[PDB]
Amino acid sequence: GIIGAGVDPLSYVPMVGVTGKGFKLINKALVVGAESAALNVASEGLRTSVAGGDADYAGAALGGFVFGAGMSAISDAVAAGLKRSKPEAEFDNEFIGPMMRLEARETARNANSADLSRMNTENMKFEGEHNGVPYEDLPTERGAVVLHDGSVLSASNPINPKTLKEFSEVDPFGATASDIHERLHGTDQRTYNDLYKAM
Amino acid sequence: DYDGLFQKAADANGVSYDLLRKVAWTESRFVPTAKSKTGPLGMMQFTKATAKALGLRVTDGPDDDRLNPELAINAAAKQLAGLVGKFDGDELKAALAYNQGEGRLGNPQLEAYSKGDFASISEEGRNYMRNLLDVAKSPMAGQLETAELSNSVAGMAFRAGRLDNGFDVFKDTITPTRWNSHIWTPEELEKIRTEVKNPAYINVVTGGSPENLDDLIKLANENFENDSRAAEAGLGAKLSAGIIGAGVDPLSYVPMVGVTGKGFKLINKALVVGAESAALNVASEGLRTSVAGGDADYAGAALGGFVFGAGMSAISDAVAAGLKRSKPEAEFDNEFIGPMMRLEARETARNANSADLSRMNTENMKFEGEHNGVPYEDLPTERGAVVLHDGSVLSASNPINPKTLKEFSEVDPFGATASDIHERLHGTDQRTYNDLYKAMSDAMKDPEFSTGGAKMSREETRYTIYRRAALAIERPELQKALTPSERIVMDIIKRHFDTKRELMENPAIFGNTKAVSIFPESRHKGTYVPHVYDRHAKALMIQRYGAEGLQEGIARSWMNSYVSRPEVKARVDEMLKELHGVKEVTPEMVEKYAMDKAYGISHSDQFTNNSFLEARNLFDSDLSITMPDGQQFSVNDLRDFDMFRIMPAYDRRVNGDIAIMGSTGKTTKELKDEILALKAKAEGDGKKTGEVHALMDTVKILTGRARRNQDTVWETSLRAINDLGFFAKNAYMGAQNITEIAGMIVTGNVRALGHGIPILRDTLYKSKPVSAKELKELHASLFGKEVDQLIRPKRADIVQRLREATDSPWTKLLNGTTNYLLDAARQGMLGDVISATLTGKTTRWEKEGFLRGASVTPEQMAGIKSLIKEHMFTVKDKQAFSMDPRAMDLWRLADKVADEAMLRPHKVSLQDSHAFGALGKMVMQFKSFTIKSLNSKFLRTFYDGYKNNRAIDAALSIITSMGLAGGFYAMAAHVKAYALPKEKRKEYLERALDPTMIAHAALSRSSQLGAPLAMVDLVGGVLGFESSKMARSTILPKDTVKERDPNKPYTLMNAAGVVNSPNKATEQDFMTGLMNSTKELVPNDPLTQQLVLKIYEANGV
Amino acid sequence: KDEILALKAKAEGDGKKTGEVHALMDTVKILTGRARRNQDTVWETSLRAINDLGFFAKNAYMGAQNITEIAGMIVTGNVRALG
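Chains as they are written, first to last, in PDB author numbering: chain A, 331 to 502, 551 to 577; chain B, 11 to 156, 236 to 502, 551 to 745, 762 to 960, 983 to 1047, 1055 to 1233, 1262 to 1311; chain C, 825 to 907.
FYI, nobody ran anything at the bench for these hints, they're computed from the structure.
Hints should not be assumed to be uniformly reliable.
Unchecked claim - Mimicking DSSO-like on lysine-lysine, the simulated pairs with C-alpha atoms at most 30 Å apart in a straight line are:
hint	chain 1	residue 1	chain 2	residue 2
1	B	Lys-926	A	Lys-351
2	B	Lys-96	A	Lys-358
3	B	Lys-280	A	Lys-351
4	B	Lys-617	A	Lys-358
5	B	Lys-58	A	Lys-495
6	B	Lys-307	A	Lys-354
7	B	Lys-358	A	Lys-492
8	A	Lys-575	B	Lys-617
9	B	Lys-286	A	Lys-354
10	B	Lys-286	A	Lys-358
11	A	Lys-354	B	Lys-987
12	A	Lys-455	B	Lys-280
13	A	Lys-455	B	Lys-1158
14	B	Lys-125	A	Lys-358
15	A	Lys-354	B	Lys-47
16	B	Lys-47	A	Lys-455
17	A	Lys-495	C	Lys-853
Said to hold, decoys possible - Not everything, but these chain B residues come out facing chain A in the computed CB check (under 8 Å):
hint	residue
18	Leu-66
19	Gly-111
20	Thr-266
21	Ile-272
22	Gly-296
23	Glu-300
Where a beta carbon is used, it is the ideal one built from N, C-alpha and C, also for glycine.
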């Protein structure tokens, strides 16, 4: 319960010691059907090939969750800081949406089911469509897109294809040669990743 | 159409299987295409849900009009699995949400349901929801609702139970837990290998206990500490003294998880008579063995033999009283008290160094005997048995007692010489096979393969160890990254092949000094691992771009290495200059050479007298070239591995060629010509020319054609133990106890699986006379097992990959029994497909919605290929029958049907018990017995407590192995009987269907997969060469055939050590051979024994 | 070079299917690695990457959404504050 609990944390200890470590957010509640096992031999957990892949992620999350809940609390605080002038304008404001739909996704990742962060469903999947994926705009918080699942992508994200279009929009026998290029660009990316880890 | 698709779509991403069938029936009434009043045109009837649903899951969709036969079923199955997930384990609400829409009008109803079945729900809603009052299992399902008109108790029960009609043996019995069913992440293996002392305890989960592996390590270490502190003392002490005599049952005992061995030596106090502490010689001692673990493998076996034997005794006393309620007495002997007591006394004599009180005595006489040397005598007592000259008595239904061995071989379905070379080689190669088997049994048990949830298992878990041990040998960089407890198998393989190489380059390390380098290409310096290309991998490559495709692929794949290395570029040109051409070698020369030497693998199936060393084409086959369709194509994919049909099928050819070389010279040309030119010269009328045919036989045996003989392991072990009793009086008792436990386990399995399983109880194991029309079914059942062994792809990573390339009844858990049942039901389905199509017709299969991997045209073909080759039906068995590009479609049809219908419903039922086939019902009832046992009180309470899906695997694997063993022998027995004179001479039929022979037939038969190495390769002493002495002696005066005869017959390892080794055996050699070859039928982990026990006793006797 | 050009300077100015030869000259440039300073963005690749990842791997699907969502939230917080 990082949000649902949920704290601020705006007045918290400097939090020096923590790194990771034992942070898996199985929010009690927000878990619905808890199929313990697996859907395939894929799934599993973060399907990664570096050691530390389950701790880099964890670190990011503690740092993402704390920061997101804090942005939510501080936007609630500045809301009241503006209520003293006028009682209400619209004030939405804020990231409660993205942070809650991220906490639910994390719980579904750690608890192996119950994707309760899925908007649903209809329609239709027009207009799209930057690359293959068709999206749909939800009349709600600015942006955003909804997928075919549809796992919703908050606006101001690097993925949501509406924003990607908007940015690419107005702003400042033996064979072959191409097979060689793809083999090489697929192995050299891997060795770049292995070099980045060691660096 | 049809439920085969549902079986495969509902085992993915969900789900209660019967839900999909019910939804399909209700929404479509089984019509492939569709149209509706409200708009939806499909089986699951979705038009609004076309784009979103197809996109949202594993497979995406294209248009409206193209609602696919599979892509739609899987998409709807995923939607329903989400609806089951998105709410709760309450499938009825999921069904209501699908039918009435999620979120439209419907959404109030879905919420309304959450308050009781109600009336907020409507005409189609509540009625359709009620239609699915079968499986399962919502509270509202009991809450929806709400003789015939009688009170009287009966009445109340009748009107309340309300039959459910659904059961998944996988949600109510074995539930896949988190830790089990987790393939291990490639990094987590590194943590398990370093921070776990023994990986066997990663399975046991009493908790708990996530997350995560950083907790499972802390648990599987603390449990291993808690084990070796106390489990050992308690179990050993309690059973060590007085296991029978004490004596317990143990029928009501703790699941017995912790115990392994350890401190179990059964010195029964009492039954020890004269206790001479020391020794009779420098032999005796204790088990005279040459493997470490030899004193613990035995111990394990014994705890597992003693517990199981005492348990069979107690359960036969219990079923005795269970039959006393009908009649007070018939004879009821019944039971194994005899064998188990005479085994306990032998164990006590072994551990206490004297007092063989398990010795019958004595007289007489030692007639009749006598299968091999040993004379026995029949005791009028319990059925059988023999008594020896000691006489240590051998219980009937043992693999040793020579009366039974005869009964089974009876009616049922200066420098010298060449022969000395053969015996030296067969005596050292058996030793290196044993040393390889030890390391393989030690490696196939590392965490990757076993601790975690099952992955490749188990015929593949040895194939993917031999693949690594071969690919590390041939290219040595890949080596460097191999697990240590596994590098010791690569070391032994490399040393064995290197010794054969070092001995073939100069096979003059023997009597003669001629005979030069049998080997194909000396100077090509590497451990040559035999390149033996496969039949089925070549079939898959000749199915697409058939002839010139592969003929160019295996050429350019070698041409890659020819330019990718600076030293093979030299060692190819050094060969090419010598054959044809002056120093400068044109790149056309190497191209023609590679093309013509790949053609040998392209067209003629030479690789699956002359030999197969010859395929040692000088190029290195590691790099893959790209085919015009995209798939990268190497040659190691054409190659083979698994050291099972490779190592012992290469060693015999090499040992034949080496021995014929050490005689005088080359095998083909020289030997053949000379032996024939004595035939065609002297002569048809010659009375002593059959004696020349005698020497031609020496040649065949030595060379290794061997006339498919090596009749049995056990007829060798009989004389082995008879002679072992002379010198080593302690290993004598050890080898009797191990074989006695071996025989007792199988004779228990025959009784239990005969009472419990229906097809076996009233017909197959039934005495006589004949099943009237089941002859037409027994013929097809046996022809199925013939055709499978004739066609199946003789590999391991080509069968499961081909099976899953299309994507107990579930191979994710208890994979051991599922493998046997798959490779069993497939022969039944295949023989049914052949017999039906044959002459006469029954096309259940031709019209199938299980039409995957078989289109209309391939299915129709599988029909004409079957019709052209057999008639009402052991017919062909032809070389062209196997080298048929369309024949692999038959194998694939059969296996896919056997894994779609016969072996992947989560419940046994009445599907085919008034239908095909003879073996189909046998395997269906075996799966039924598996589920029935897996629901017992003992076994269910053991799983819930400890999980450990590997222990019940190793329990239900032996049961099904010995069961199919008995079945395939009983089925052939009736056919042979019906071929015995039809004048009823079924007394003969009786002489061969009885638990004293079935227990033996279920030993020297019935693979028994997957085992590192083989049963035969580990024991065998090929003896004579009697007719060889006949020829030598009788042609002494005669001409020159003599001049040939003194050549062949008499009257770790470096190449120098093979010659020095003795040419017969060592007592430790046969001891380790017997102690190893029995681990595949008498296990080590002593808890799977007592699991098998409670499985048997729950079933009956 | 020679060969691609000698198709250009031989066939030819008026040739309607010679822009298709200019098409292959582009293949050459891309393969060789001049690449026309393109690789527009990391993210337009990761979009389809995650879209297809959602099909097979339903756990890494959620992982890759969470990491990118935190990435976007941090920067959209930085814009507001530093504005």
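Here's how the hints hold up against the structure:
1. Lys-926(B) to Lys-351(A): This hinted pair is violated, its Cα atoms lying about 70 Å apart.
2. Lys-96(B) to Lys-358(A): holds (16 Å)
3. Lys-280(B) to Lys-351(A): Since the Cα atoms of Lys-280(B) and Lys-351(A) sit roughly 17 Å apart, the hinted pair holds (cutoff 30 Å).
4. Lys-617(B) to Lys-358(A): violated (46 Å)
5. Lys-58(B) to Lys-495(A): holds (27 Å)
6. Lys-307(B) to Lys-354(A): holds (19 Å)
7. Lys-358(B) to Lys-492(A): Roughly 85 Å between the alpha carbons, so the hint for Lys-358(B) and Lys-492(A) is violated.
8. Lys-575(A) to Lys-617(B): holds (22 Å)
9. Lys-286(B) to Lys-354(A): Holds: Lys-286(B) and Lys-354(A) sit about 27 Å apart, inside 30 Å.
10. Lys-286(B) to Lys-358(A): Outside the cut-off at roughly 34 Å; violated.
11. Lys-354(A) to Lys-987(B): OK: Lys-354(A) and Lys-987(B) at ~27 Å, within 30 Å.
12. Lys-455(A) to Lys-280(B): Answer violated: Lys-455(A) to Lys-280(B) is near 46 Å, above 30 Å.
13. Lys-455(A) to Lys-1158(B): Violated, at about 69 Å.
14. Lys-125(B) to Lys-358(A): Holds: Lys-125(B) and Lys-358(A) sit about 23 Å apart, inside 30 Å.
15. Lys-354(A) to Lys-47(B): violated (49 Å)
16. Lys-47(B) to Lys-455(A): holds (25 Å)
17. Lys-495(A) to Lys-853(C): With Cα atoms ~26 Å apart, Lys-495(A) and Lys-853(C) stay inside 30 Å; holds.
18. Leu-66: holds (5 Å)
19. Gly-111: violated (10 Å)
20. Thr-266: holds (6 Å)
21. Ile-272: holds (5 Å)
22. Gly-296: violated (13 Å)
23. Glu-300: holds (6 Å)
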